[PDB]
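Here you get one chain, nothing else, as structure tokens; it is the form deposited without the ligand.
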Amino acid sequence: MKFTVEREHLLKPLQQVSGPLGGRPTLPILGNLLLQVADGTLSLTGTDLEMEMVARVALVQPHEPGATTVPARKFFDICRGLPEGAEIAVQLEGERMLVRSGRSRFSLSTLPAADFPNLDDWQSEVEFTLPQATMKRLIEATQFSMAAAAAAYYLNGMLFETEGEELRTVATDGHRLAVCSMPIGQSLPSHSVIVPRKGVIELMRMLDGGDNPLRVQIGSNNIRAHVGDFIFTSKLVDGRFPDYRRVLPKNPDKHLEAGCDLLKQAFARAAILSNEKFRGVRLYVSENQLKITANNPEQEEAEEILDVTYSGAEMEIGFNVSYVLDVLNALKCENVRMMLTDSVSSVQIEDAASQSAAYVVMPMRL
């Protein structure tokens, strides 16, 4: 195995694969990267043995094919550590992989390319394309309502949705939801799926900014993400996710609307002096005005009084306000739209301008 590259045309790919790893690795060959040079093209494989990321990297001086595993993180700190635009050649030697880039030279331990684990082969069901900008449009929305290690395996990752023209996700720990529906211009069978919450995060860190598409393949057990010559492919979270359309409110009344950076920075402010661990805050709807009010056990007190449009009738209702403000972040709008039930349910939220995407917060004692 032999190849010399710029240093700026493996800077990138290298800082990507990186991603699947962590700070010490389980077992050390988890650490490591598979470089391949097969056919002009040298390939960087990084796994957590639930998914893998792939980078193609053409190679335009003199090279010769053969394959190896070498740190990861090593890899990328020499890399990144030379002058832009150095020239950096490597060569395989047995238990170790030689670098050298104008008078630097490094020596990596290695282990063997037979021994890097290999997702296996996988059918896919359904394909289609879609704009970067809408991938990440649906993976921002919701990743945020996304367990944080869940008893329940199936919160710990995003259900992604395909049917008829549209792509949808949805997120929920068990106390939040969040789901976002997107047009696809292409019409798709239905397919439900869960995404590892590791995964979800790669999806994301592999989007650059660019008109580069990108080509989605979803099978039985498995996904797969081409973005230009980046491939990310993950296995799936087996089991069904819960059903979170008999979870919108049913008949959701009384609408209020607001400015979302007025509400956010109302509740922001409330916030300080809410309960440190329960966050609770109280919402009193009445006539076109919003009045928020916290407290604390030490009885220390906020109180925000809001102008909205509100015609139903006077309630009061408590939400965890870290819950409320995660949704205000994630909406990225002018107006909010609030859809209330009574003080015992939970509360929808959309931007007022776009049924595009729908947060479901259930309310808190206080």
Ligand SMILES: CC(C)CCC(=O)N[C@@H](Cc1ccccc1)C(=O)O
Second form
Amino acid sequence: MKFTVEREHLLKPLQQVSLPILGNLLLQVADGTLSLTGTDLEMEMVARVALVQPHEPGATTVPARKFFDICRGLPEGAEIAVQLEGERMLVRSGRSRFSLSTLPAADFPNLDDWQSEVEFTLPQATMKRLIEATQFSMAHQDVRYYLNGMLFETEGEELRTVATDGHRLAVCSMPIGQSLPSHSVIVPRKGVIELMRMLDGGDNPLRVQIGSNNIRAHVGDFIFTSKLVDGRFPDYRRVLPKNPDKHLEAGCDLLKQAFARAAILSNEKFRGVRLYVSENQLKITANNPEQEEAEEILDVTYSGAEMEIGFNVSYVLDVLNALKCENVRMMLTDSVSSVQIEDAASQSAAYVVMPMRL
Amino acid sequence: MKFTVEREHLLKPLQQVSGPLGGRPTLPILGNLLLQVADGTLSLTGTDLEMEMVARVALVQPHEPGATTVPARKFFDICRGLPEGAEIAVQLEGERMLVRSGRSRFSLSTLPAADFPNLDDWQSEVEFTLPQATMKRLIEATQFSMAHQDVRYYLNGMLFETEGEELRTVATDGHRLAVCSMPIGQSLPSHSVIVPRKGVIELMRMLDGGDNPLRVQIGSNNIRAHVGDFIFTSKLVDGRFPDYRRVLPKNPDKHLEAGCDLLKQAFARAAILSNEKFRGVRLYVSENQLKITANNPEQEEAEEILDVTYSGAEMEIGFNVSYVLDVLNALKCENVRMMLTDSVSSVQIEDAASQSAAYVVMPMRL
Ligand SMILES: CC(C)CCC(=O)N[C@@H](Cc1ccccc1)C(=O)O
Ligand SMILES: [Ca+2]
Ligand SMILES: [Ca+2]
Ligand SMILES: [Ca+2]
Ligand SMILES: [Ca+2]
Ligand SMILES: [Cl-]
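Okay, that is the form deposited without the ligand; can I get the form solved in complex with the ligand now?
Let's see the whole complex now, leading with the same chain.
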């Protein structure tokens, strides 16, 4: 295996792809192409680079971080020459020389072959919107493994994401402009994070392939694959309040800043605030073990019956930070029922949050 | 005690005087700021018992005198969290201090101003003014070489030395040393004092970057710095710092000069394949050439060849590459001079264009 390539052409590929052998990148030269693969057994990223300079086919594996750091550490405009010599891989550029250890390409974990069942293309921006709208509501290390991740659901012409931790839920639906089969899978949180990471903000569309046990995403000359998670993910439709009769509308940023200020004097371990809704007004209060008190009064749009209800501060701020909008609607039922929160100008996403007793 | 101040006039003072406060204040009052209204000025003070930072805020709105202490983090977060240009009205009510702005209201627990720790009065024995940039240069040139939580307590601070028309800082951890001298244009008596770790941090923190000069006062047991409307005071560390003059190699007759960035980037790349704990690289110096090598127990190898200026005898010497990189990062210059003796002796490293800063690094046993 031998190739010479500009550092420039390796930088982005290495960034995306980076048991001892799982700390190594697979390098493969074949058919005028260098392929680079990184994996952790649960997911893999493959990147390809074209090779115009003389090259020789073959494959080996090398320490991912060290190889990346060496390539990154070389000067801008550097040419990187690589040749395989037994148990070492030689890397040369200018008068900088490196010998890295290797493990055989034959030993490299190959994620089992699988079969695509559902396929579609969508804009990068749509995937970004879907993930950012809901990712914060995924569970972290819940014993219910299937909540430590994100539901991806196809229905009609929409792709939908759902995330929940049992206390709050986020759902977002976006058009993809193709009639799609009804289907849903759970992508583990680490997979969701890497999927987000591969979206660079340009116009490259994403090609998605969903199998019975895997999901794959193609963008540019990168291919990402992740295993899926087994489980009965809850139905968001059953979580949405059936008949909210009390409607508050307020400035998103005004509400966010009032919550954030009040939270300063809430209990440090379980930060919550009490809301009192009455005619044209929201009052937010907090107190702590030291008997310190905060109070915020806001002029709001509200005409239903008076009620008091508590919320976990972080759950509400998480939603308001996700909304990034002018006005927010809160749809309430009673003091012991969950609340629905939405951007007043968008029906693409909805949030449900349990009340908190204080 | 009463005052009303616009938000943005409080924020930076609050941030500044909170400098010395830790997370986990050992006792409640140490997490509080002293607020004092007197003679048309609000003063803010934070302390950790070793040093204090004080800010003076002019009061253009109606006020009443008095003093209390309140939780620093809560009070700052409240002020920061209010809308831009918010008028922050404060009224003391015994065990509580009330804060109001628009329709936002807050009640904070207080502790008596009379219990707030107050550094003893002391007497200045030397005073001088210097540009903020000069103090910045002095600290940045040497701070990285200070020890971290060493049982030899004096090493955890920074020596400040006045001598003739020069102010000098020195830092060392026993393995490597940094010294920087700068001119002040005022003839100073000889003083040598150790500023504690957090004190060095605060001195740096208070340099706004503008043209407000720094006024320094040093006593036998304290140091004080005045910048704008801030006054920083620290107790000095009670120890005898090593003399840097005795640590500088006596006659290194082997001189190497090379570009700083090329040397840095080569050391940085070589470091990748050095031992993860010991970080050893080897330097082979020969006529007009430096070869840097690293290897690790994975029997991986790095080699960097650099054109340098060197006329001395060939020699091989090992170094902790982190120590070398730290120096090169601190020098931030075009060319560097390395002054060598032998493979069992320290190297002296300097900007090739200025002797104002010098660095002494002990070699590694190969
Ligand atoms: C977010 C919260 C208001 C959902 C409460 C709820 O409807 N829980 C159901 C479904 C569910 C939702 C989220 C996680 C797990 C289960 C249950 O406990 O069975
Ligand atoms: Ca090329
Ligand atoms: Ca991977
Ligand atoms: Ca459905
Ligand atoms: Ca104002
Ligand atoms: Cl003011």
